[PDB]
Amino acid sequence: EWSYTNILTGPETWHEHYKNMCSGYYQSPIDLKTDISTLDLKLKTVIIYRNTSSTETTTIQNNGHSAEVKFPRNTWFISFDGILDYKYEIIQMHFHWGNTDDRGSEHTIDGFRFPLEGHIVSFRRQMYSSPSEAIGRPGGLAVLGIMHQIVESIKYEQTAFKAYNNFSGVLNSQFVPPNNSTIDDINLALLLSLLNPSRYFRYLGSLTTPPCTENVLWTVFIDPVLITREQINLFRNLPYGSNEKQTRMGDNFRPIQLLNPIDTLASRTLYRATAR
């Protein structure tokens, strides 16, 4: 019973209706301000890698809040240390977009919004057994933020949707909550190859939907990948759930939180990584 577009249940009210932890002071998203961040040269190239023995199918769903891809377990992994040892396991990827092309992202970079931001959501497997072990425990989750930029005269194999395999055509008016659906696997490593994975912001924050748990190690890449107007619009075709005042899914993004609200009891820092 939280929403984006229903003013009685909308984001301004989350800190009240879900105090744990939407009222905390390590919230996301934030404005990633290049000039107010500490470069940390010890932060390494992000690697995404697959368990090739995994053969289980990949699905997608309209959950009422986003278009969410649910990946099978033991399939997709993140490494932040160059070691391929299954420390972080990808669970799910979802998206945040606007009603118009000029907004939709949750994070901004130096004040700039983007039309679409994806989240690849993983659990700290080195510490926790399963996704549901992780989701509510401290230091449980690591999420990647991927910016998308709208481009016009471009070949399809150079857009993100190639990596998404175009969501196996599943995106349309018909796709309704909570109807799941089978698709071909997203090539996440290809997706990553389309930006620069040594260049990102890094900080401790939260889930950007209630209950806003403060257990996300955030990584947001600096360089956007590319989409067409045709491509973005397939998103706006999905219907929202019953809880929303708007009909067509959009503006499903949370307003900007402060890095350090004045009532914080231990400030946090925004870090930034760069190549070689």
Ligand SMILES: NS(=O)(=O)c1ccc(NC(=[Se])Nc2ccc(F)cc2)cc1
Contents of the next structure:
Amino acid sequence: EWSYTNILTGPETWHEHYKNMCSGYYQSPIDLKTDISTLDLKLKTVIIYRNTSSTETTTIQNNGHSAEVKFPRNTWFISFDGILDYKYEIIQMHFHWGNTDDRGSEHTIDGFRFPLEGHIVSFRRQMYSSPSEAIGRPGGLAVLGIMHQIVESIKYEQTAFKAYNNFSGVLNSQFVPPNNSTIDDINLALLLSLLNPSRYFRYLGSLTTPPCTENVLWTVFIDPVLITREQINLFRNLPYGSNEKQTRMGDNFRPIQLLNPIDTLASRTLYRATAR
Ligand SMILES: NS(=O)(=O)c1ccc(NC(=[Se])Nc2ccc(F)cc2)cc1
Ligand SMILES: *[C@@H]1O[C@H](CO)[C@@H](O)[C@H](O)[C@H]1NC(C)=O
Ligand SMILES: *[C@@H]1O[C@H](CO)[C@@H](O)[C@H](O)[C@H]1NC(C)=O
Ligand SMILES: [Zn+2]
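Let's compare: the form solved without the named molecule is above, so bring in the form solved in complex with the named molecule.
In what comes next, the whole complex appears, and the chain from above leads the way.
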């Protein structure tokens, strides 16, 4: 078993308890270094889009380590090439945050931590027929990282919580693991429009929880969307699962991994995109 906050099962132990693949050399998260990265003008604007025929419900669960929104199949998609032909299908979105406002994100940008990093997880439907087929297979997944930053003066409608529809009020101290609830759908298109979808880091990496599978195409947007202190504190009301030492959920982020650990057998490169 694993945790964030119990020293015995925490992130420093994952390379031993889950050798495949938390001991690998293409792990995430990393520090996204603007100066070190390679600008690749070929990397296009990201588009998130919905199947307007889909009517099934969205749910959210406290899984003991995060709040995880589970989307119905065949409903939300990502395009990286401008074509709306269902190459990447979104599965779930979950979040990583801090006990305090100066930490929480998994990635850093030039060493800087944000209070809340959201991960929109998709599978390469272009190749694999289902999430369960893709999740353990090479090149199966693509994850979007969305940084959030706290502002003191803002209307609700301009915060990320408008896109999330406040998660239908489920973020509270009574939302105990492993409870799940039906919630209003998340307007992921609106969420993406709150930042610049052309301006992002891109690299090949891993899941950031065990078993840390090295099959994730990462895109991390540089500009954050905006939330309030009230909204970050809602996440902090969730209780951790019983695997954890800490009672309230927070600091559910993995430590930074190197782009190229010294034992790598083929270095990877950190790429960056910007608008045309
Ligand atoms: N933090 S993260 O974004 O790297 C990340 C970590 C773990 C992860 N796992 C998933 Se989606 N597992 C799963 C989903 C569907 C299924 F059929 C079976 C298993 C996704 C993302
Ligand atoms: C869109 O939703 C409909 C209705 O649920 C479904 O039958 C169809 O296959 C979906 N389209 C895609 C491309 O997943
Ligand atoms: C969500 O929460 C905020 C804070 O209370 C509130 O202003 C907003 O009206 C709520 N959104 C709805 C109506 O779902
Ligand atoms: Zn994550």
